[PDB]
Amino acid sequence: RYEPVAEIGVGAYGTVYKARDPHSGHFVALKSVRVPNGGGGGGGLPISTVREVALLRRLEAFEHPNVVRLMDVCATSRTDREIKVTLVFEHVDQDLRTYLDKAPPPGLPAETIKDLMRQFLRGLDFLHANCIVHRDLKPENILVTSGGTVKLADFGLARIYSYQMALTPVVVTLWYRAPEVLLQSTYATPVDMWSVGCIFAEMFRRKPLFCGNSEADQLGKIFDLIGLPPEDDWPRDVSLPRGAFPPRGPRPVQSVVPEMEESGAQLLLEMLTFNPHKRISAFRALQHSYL
Amino acid sequence: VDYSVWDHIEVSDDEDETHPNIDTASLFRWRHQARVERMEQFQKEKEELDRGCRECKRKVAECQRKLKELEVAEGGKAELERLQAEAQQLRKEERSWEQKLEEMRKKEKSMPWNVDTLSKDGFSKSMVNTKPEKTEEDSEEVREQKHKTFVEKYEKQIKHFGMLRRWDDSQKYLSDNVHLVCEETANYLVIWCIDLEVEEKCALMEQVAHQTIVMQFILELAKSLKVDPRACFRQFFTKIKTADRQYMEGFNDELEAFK
Amino acid sequence: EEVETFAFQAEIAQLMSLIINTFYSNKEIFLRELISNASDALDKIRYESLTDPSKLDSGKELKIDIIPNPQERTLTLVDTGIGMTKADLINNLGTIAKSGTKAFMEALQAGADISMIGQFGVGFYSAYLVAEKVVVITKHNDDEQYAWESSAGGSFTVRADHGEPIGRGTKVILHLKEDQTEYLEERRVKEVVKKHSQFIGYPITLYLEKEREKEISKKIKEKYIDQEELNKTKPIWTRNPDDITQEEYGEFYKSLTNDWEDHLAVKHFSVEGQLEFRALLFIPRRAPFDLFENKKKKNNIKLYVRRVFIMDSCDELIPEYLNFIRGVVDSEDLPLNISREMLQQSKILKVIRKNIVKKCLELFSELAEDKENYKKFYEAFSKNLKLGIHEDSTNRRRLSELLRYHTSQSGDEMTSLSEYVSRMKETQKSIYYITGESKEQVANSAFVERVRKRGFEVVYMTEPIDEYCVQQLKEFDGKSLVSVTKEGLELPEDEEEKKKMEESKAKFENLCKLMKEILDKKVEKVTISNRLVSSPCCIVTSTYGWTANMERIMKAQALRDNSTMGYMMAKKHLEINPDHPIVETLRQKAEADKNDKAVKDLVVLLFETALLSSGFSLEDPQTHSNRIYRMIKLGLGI
Amino acid sequence: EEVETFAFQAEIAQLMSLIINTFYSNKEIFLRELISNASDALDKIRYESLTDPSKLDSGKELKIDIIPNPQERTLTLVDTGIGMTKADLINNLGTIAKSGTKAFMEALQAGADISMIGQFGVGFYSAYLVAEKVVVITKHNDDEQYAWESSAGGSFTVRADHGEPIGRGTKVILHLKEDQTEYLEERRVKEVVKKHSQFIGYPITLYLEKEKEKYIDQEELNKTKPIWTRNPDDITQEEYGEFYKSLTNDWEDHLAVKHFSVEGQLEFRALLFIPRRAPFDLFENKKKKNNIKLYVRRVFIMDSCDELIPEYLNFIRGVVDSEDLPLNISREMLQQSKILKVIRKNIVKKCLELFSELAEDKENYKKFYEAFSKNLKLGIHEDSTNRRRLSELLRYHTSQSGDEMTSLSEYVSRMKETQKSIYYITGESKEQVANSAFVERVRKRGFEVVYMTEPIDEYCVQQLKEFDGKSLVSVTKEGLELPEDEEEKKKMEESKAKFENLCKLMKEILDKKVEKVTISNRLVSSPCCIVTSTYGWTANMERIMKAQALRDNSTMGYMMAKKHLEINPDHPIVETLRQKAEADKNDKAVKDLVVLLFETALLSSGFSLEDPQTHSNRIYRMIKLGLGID
Ligand SMILES: Nc1ncnc2c1ncn2[C@@H]1O[C@H](COP(=O)(O)OP(=O)(O)OP(=O)(O)O)[C@@H](O)[C@H]1O
Ligand SMILES: Nc1ncnc2c1ncn2[C@@H]1O[C@H](COP(=O)(O)OP(=O)(O)OP(=O)(O)O)[C@@H](O)[C@H]1O
Ligand SMILES: [Mg+2]
Ligand SMILES: [Mg+2]
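For the record, the sequence lines run as chains K, E, A and B.
Heads up, the first sequence is in the deposited numbering, so the first residue is 5 and it goes up one at a time.
Heads up, the second sequence is in the deposited numbering, so the first residue is 2 and it goes up one at a time.
Going by the deposited numbering, the letters in the third sequence line up with residues 10 to 226, 270 to 690, in that order.
Going by the deposited numbering, the letters in the fourth sequence line up with residues 10 to 220, 273 to 691, in that order.
Everything labelled a hint here was simulated from the structure, so no lab data went into it.
Warning: the hint list may mix true and false statements.
Each pair of labels, with its calculated beta carbon distance range [unchecked claim]:
1) E:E138 <-> B:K427: 24 to 32 Å
2) A:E141 <-> B:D422: 54 to 62 Å
3) A:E549 <-> B:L686: 25 to 33 Å
4) E:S111 <-> B:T479: 55 to 63 Å
5) K:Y165 <-> B:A119: 53 to 61 Å
6) E:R166 <-> B:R475: 31 to 39 Å
7) B:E328 <-> A:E141: 27 to 35 Å
In silico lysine to any residue, SDA-like type, Cα no more than 20 Å apart, as pairs [as the list claims (entries may be wrong)]:
8) E:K47 <-> E:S97
9) B:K350 <-> A:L611
10) A:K36 <-> E:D17
11) A:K573 <-> A:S460
12) B:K349 <-> A:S365
13) B:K410 <-> B:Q396
14) B:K349 <-> A:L611
15) A:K505 <-> A:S460
From the three backbone atoms N, C-alpha and C, an ideal C-beta is built for every residue, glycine too.
Kindly generate the complete structure, drawing on both the sequences and the hints.
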C-alpha cells in the first residue's frame, strides 16, 4: 500500500524495502515473505502469516514505539519468494519426429521449413567449424522447440545410445542416410546435408522422401529423384557394386516434394545429388536467398 | 612476462563456446570423445614409430656387427661393401623413424593443455566429520567458567543485541554473532534490564526486554526441538515473520512465561 | 643529509614484455586497436583538410583496408590516414606511453569536433600478442616514406623508402605467430571487427580470396571479396532526434539485432551534462523465447565509447526488469582503464542507469497514449512490468500506472487502474479485486457475488506475478486495494441489512459452533458472511498473507521447501451463507439433533467442497471421491 | 645506411600517470601491494638468516606494522625487512617495472623453500592511487639509513635519515590525499586486510588509538593461518573444524573436509568443505558466489564460484591456493579463464569422490542428503556428464521401505526376475501417492514403487530414463505394464467387449472432456481414474509448471498430454452403468452420473478442475435432493 522509495538490508523478511504511507507519510519496513496457501493437511488460506502481519499491524496500532513492522494489512510482495528468488527451467522434449506427427499433411508451410532449415544449417556451420562428426544424425536427433528452434544432438554412435536403443539402427530403412553412408565411406558436410535434405523433404511431405531395403536398394530409390549415372560419377570409397546401377533421369524435386519452391528444390537436389562433391555446403545453403 | 605456456588449453565442457541450434548436453560429450580418440591415435602413432626405429636400430646394429665380421672374413670384404650399403639404408631408415619421432615431439609441444596433461592428483585426502564421540558435559560446570568470562568478553555485544528492534537486524546480528545464541546471553539481558530499571533507563529497559524475550524465544523451541539454538535461531525469525497475530502473541505469552 | 634528486627510471626490457603479456587477456583487441589508430590518423586528415583542402592533394579517399596473406601468414592494414614522419616513428611510435593524439588534443583548438579515440600511447605494442613482428611503412605529407620495423625485442629500426607507393598514411605489416593463423580466416576476422569496429566513421573493407566456381569458363566467378559491408551500420544517436525518421531508425533496429521487423517502441536519450552521452532505447514487438533465461549473460544495452564497443554490462547499465530494451549508449567522456575493457569508477554507470530508466519510464508513458500499440507492448512485456513493480521500489509510482486489468465492469476490455479509480463510486473507497487460476474461475467465484450485488467493480487477476503485485500494490490513486477473497471484506452496505446479518448470526449461532466442532482442526473459524449468494459456504482467506491462488504458485515454484514457512503461514476460515437452503436446513437439522453424524458428515462434505470451490486442495482427494462414490452407490441402490 | 637502429624508449612522465590512473581500478589494494612487498622482504631475511643467522642481529622479528595517523592524515607502514641500500632505492624502488625480488629469486635458484611474488615491478606505485606523497625510509643491513621522498612527480629524492633509527627494513609514509581519509578508519583497514591479507605468512598488526587513547597493537589482525599449506596427514579433525569455522564464520563445524592438490603445469593446493546444514539463502539468484575462494601464493585474487564450481555444487566451502597463475598486470584478474574450468573439473571429481565416501557413512550421508538432495537433483537436471554418478547418490522412499529412503540401486536389487522397469509415482505428498489408485494394482501384483514427492522430481525424473539397465515407468501414465496372466488377459478382453458400448456411451457423454474411455486392471478400489498420455506433462507436472510466474503459456500447446478415463469393470457402479446403458443409454440421470464420476475421478486423480464452483453446485444439488430441499 505504501509508496516504496528505498531499501532496507536483507534479513528475516528478506529484502526489506522502505516506503511511505500514501496518506500519512509514515515510513515503513517493506517486509516480505513467500506466499503459498494450503498443503498435505488440506486447504487453508499451517499456522498464519495471514495474521502475522496482523501482528505487525497490531504493533503499529500500539505505536510500543520500537516496532519495525511489515507494511500494510497484507504480507506484501517486496521481493518475495521466502525470501529468495530462484528459477528452474524445463527441458524441451519436442522431437522432430513428434513435430512431424503434430505437423499437417503434405505441403508443410515452406516458410516454416525455411526457418527451421536455416536454423539447422546454421547449427551445422557451428558443427563444421568444430569438426563435429555425426553421419549417424537422423530425424529423431533433431529437436524442434515450442519457439520453433532447431537444436541438434547425438553426434554419432560413439557417444549416443548409452541406454536401451534400437536393434536395427542401420538395418532400418536408411532413407535419411547419405549415399556415402550407403557406400560405407565416411562423414562429411555433404553427408550431413544429404541426410537432412531428405528430412526437409519429409517435412514438406510429412513423409520420408525415399524408402528402400538394402543400401543399394536404398540408392535405387534415391536415384529415381536425383538421377543416375554408370561407373564414371562414383567416389572411390564404394562398397556397393557401382556400375551395376542402370542409369536413369531425375524427377524435378520441385514437383515431387509438396510446396517445394524451385530455389529450395535446387538446394535439395544439390543436397541429394549422389556425388558428395556436387553438393552444396551448409554455409552456402544457409546463405542462399531461399532462406 | 611470459604466460604463453597457457595459451593453448582445451576444455571439452567449455560452456562459453556454444550455439543456439546445438544441444551442448551431448556436444560436450562429443568433445570428450574426440579428445580421447585423438590421444589414442597419437599414442598409437608414437609407439609404432618408436617400434620401427628400434627395429631398424637393431637391424643396423647387427649389420654393423656383421660388417666387422665381413671385414675380418678372408675375402668377405666384397660382401662387406654390399652390407655397408644395406646397413647405411637401415641407419637411414632408423633415422627417418627418429625424424618422425622428432615430429611427434613437435606434436607434443603443440598439444593442448587439459586435465590429463596439465596436472596429476598430487594429493588427495578426504575426511568425514563423524563423532566427536557420544558424550555430554555438565552445563552448570561449563556455565561456572563460561557465564563468568564469556559474558564479560562479549558484554558489549550482548548489549548491542539488546539495543536492536528490527526483526531483520536481529536475525543478521545473530547470524554474524552466532556464538551469542545462548542462555548466558539471555541471563545478562535480564540482569541488564534490572540495572536499567535502577538507573531509570526504562525506555532502553523495555527494548532490552523485547530482545531478551527474542533470545529466550530462540532457546524455547530449540529445547522443544532438541537442537542446538545456534543451529536453528534463524528459524525463529522465520517463525516470527510467519506466526499468527493471535498465536504469535500467544507465542509471546508462552515466551514471556518461558523467560 | 645532502638531498640528491633522481628522475624516475623505467626498465623497458621488462616493461615492454609487461605491455604485451600482462595488459590484455583478450587478443581480439589486436584488430580493434590497429583499426582505432588508423581511424585516428584519418581524423587527423579530416581536420587538416578541413582547414586546408590542399592537404588532400596526395589523396582524398579516407578509409581502412584489411588484406590477409595466408601464404605468408601475415596481415596487412592499410591506413589511408595522415601517417607519420620519420621523427614520429622514432618518437611517437617507438616510445612507450607516447601518443601524437595528445598533440592534436592540444593543437586542435579550432578542431573541437575532431575526437581522437583513446590516448595511452601503448596500444600499438599489443600487436605483438599475435604477431611475431610488425613493420609500419608510412609517409606523412611532411616527410618521406619510411619503414619502421621491430619484433619488440628491446629495439626498433627505421628504413628509407623502399618504393612501395605510400604517399599517405601507413602500411602495417603484421607477421602472425605460427599458432595465430585463425586470424587469417574470413569468419574470424569478421567476428572480431563486428564487435569492435561496428561504428567506425571511416569504412573498413576486407580483401579476401573469393569463394568461386572453378575458373573454367564452363563457368567462372569473381576472384576477390571487397567486404565494405562491415560498416554498413552507422551511428544514429549522433544525429538530431527531430531529424531522425523511422525510414532509417527502424532500419537501425533491424540491424541492431537480427530482427526482420521494425521495433515496437523507441526513445532517443540525449545527455548534455557531465556524463555526456546519447542513447537509443528499443522495445521489440514481441518477447524473446529466452526472455526469462536469467542463466544467460545480458547484452541488450551496450556501452560504446567514442562509438567503440567497450562494455555490455546490462547488469549495471539497466534494471533486470528492463532486460528487454535493446540499445546503444555512446559517451566520449568515460574513464576507461589501460586495457579499455572496463570502465573505472562504476558509480558513473550507476548515474547513467538512473538517467536511462527515467527515459524508459517516459517512453512507457508515451506508449500509454497509443492504446493499440500499448496493449501490444503491455501484453508482450506485462510480466516485465510487473517484475519492475515487484523489484523496483522507487519507480513503482510510474510502473503501477502502466498496469492494465480486466474487470467485472470492463469485461473483455483490459483497462487502467486509473480508469478503475476514476469510475469508483462515492462509497467505493477501496479497489476490489480477486486473484485466481483463471478469468472464468474468478469471474464465477463465490467471493465476487455480493460484491457485484453491491455494484462494485472487481479487478480480475490470474498470473502468479499478479499474485505478487497484489501483495505489493495495495493502493492506487489514494484508494487501497481489498481482495474479495479475504476476511473482513467491508463492502459498503445498508446498516439495516447488517442488522439482518446479526440476527442471522444469532439464528445460525449454534450451527456455526457445531460446524466448528465438526471441523475441529480442519478450520479455525466457522462464521457468517453475506459475500456469499449462491453458495452455502465458502472457505475464505484472511486479511493478510497466503490466498487461494498462492500455494499453486509458491509451493510448486519455489525450490526451497522451507518447511518452516510451509508449516507456519496459513489458517482457515469458513464463511456461511445464512440464506442458503442447505444452511437453513443444516440449522434445522442441528436443532433436530446436533449429534446426527449424517449431518456432521454433510458438513464435512460441504467443507471439502467449500475448499474446492474456493480453489483449495484437499488433504486426501481420494477419500473425498470415496465419499462421492459411496453417495453414488446409495443413489444407485448398491 | 638504409636503416637506423634505435632502442625502445619510454615516456616516463606519461607512463607514471598511467601507472597511477589507468593501470588500476580499485585503489584500496595499495595495502595489499605494500604489505606483499613487506612479506617478500621478510622472506628475504628468513632466507639470508638460513645461511647466516647473525643477519638477525639487527632485530630478530619478522612482521608488518600498520600505524594510521589522522593528525597528519597519513599512514605509517613499518616493514621489518632487510631494507634497501641507497643504490637499491635509486635502482629498484625508483625504477618502473623493476624489482629486486627477482634478483633475490635468482639467488634462491641455489635451492630454497622461499616463495615470493613481484614479477611486475610496479606494485609500489599503487601507493599513489591513494597517497598524494610517499616517503620511504630504509636502513639496509649493509648500508646507512636513508629517506626516500617523492610525490610521483617524475622524480624522487634520497638523503640520509636522521633521528629515529631503523635496525632493518623500511617505513612507508603515505601522505594520504584529503579525500582518502576513509583509509584511516579501523573498519576500512580491516576490510582490506580481510580482503587480500587474510593469509599473509607474516604477522600484520594494526595500531589503533584506543584506551588513554594510545596505539593498541592489534596482533590478531591476520591471525588466520593457512591449512592446505600444511601436511594434511598431520592435520587433525579439530584443526580442520577450526579452519572451517574460521573460513565460513559458522559456529558449527563441517560435515566433511577434503584436501586436494594437483601437480604439473597446473599446480595448487586446496581444502573442500561440506557444511552440515544448508544456508537460508542457498538458492538466492542475487547471492554472491564466493563459497570457495581463489588464491595465488596465499594472496587473494578472486572468488568467482560462478565458474570455479557447478551451480548445483554451490554450497561447498573452501580455499584453492595456486602456486602460479597468469595474473594480469592487475592481479585482481586472471588471464586464460579456461584454467579455472580445468580446476573446476578436477574439483568436481573430488567432490563426487567425497560424496561417495560420505554415502558410505550412511548416517552422515542421510543428514547430508536431507540438507542437499535438492542440489543433487539440480545436478541431475543440469549436468549431462556426471548425472550417472549423481544418480547413485539419489535416495527415495519406496513401497517396501518405511520412512527410510533407499537408493535406486537398492530398488534394482529388489526387482523381480521378470521386472524390466522401475515403478514410481510422483505427487505433492507421500500419503497422497501412497493412497493413489495407480499403485494399488501394482501392490496387488507385488511391486515396489518409488515415491517422489518433491516438485523438482518432475525435472529429475525427466532425466532419469534408465538406471542400472532398468527402465523407469510412471504408474500415472497410460501403458502401465503389470504381469498379465493369459487367463486374466482373456477375461479382460471379455470385459472389454462387456463394457464396450458402455465406454462408447461415456465417450459420447464426455466427448470433449476425455480423449479415450477404456477399462484397465491398474485400478483396484476405484471405479475409474484419469491417466496421462506418455506424451506431454503429467498431472503433477502440469500443476507445477502452471505455478511458474514467468512461464510462457503458449508452450502448453506442445505439453497438454491427453487424458484418458480408466474404468474398473469390477465395481458395482461400473456394472450398474453397463446395465443402465442397456436399459437406456439415453438416460439423462445416468449421463449426469457419468459426468459426475469423471469429474470425481479427474479431481481425485490430481488433474486441474475446470470449474470448482459448478462441480460443487452439482454436489449442492445432490445434497438438496438428499435433504429434500428441492
Ligand atoms: N596507423 C597509424 N597511423 C598513424 N599513427 C599511428 C598509427 N598507429 C600508431 N600510431 C602512433 O601511435 C600513437 C598512439 O597510438 P596508441 O594506440 O599506441 O596510443 P593511442 O592510440 O593514443 O591510445 P592507445 O595507446 O590506447 O591506442 C599515435 O598518436 C600515432 O603517433
Ligand atoms: N619492505 C621492503 N623492504 C625492502 N625492499 C622493498 C620493500 N618493499 C619494497 N621494496 C623494494 O621495492 C622495489 C619495487 O618493487 P615493487 O614491489 O614495486 O615490485 P613488486 O611489487 O615486487 O612487483 P609487483 O608489482 O608484482 O608487486 C623492489 O625492488 C623491492 O626491493
Ligand atoms: Mg591507437
Ligand atoms: Mg613488491
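Tested hints:
Against the hinted window of 24 to 32 Å, the Cβ-Cβ separation of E138 of chain E and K427 of chain B comes to about 26 Å, which satisfies the hint. Against the hinted window of 54 to 62 Å, the Cβ-Cβ separation of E141 of chain A and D422 of chain B comes to about 57 Å, which satisfies the hint. The supplied range of 25 to 33 Å is met by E549 of chain A and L686 of chain B, whose beta-carbon atoms lie about 31 Å from each other. For the hinted restraint 55 to 63 Å between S111 of chain E and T479 of chain B, the CB-CB distance of approximately 56 Å keeps it satisfied.
Separated by about 60 Å at the C-beta atoms, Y165 of chain K and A119 of chain B satisfy the suggested range of 53 to 61 Å. At about 57 Å, the CB distance of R166 of chain E to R475 of chain B disagrees with the hint of 31 to 39 Å. In this structure the hint that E328 of chain B and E141 of chain A lie 27 to 35 Å apart at CB holds, the actual value being about 29 Å. In summary, the hint linking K47 of chain E to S97 of chain E is supported, as the alpha carbons are separated by about 13 Å, within the 20 Å threshold.
Between the alpha carbons of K350 of chain B and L611 of chain A the distance comes to roughly 18 Å, so the proposed pair stays at or under 20 Å and holds. Taking the CA atoms of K36 of chain A and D17 of chain E, the gap is about 16 Å. The hint holds against a cut of 20 Å. Between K573 of chain A and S460 of chain A, the direct Cα distance comes to roughly 36 Å. Violation of the 20 Å bound is thereby established for this hinted pair. With a C-alpha separation of about 17 Å, the suggested pair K349 of chain B and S365 of chain A falls inside the 20 Å cut-off, and the hint holds.
Our distance criterion of 20 Å between C-alpha atoms is broken by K410 of chain B and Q396 of chain B, whose separation comes to about 24 Å. For the hint linking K349 of chain B to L611 of chain A, the alpha-carbon distance of about 18 Å falls within 20 Å, and the restraint holds. Between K505 of chain A and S460 of chain A, the direct Cα distance comes to roughly 12 Å. Compliance with the 20 Å bound is thereby established for this hinted pair.
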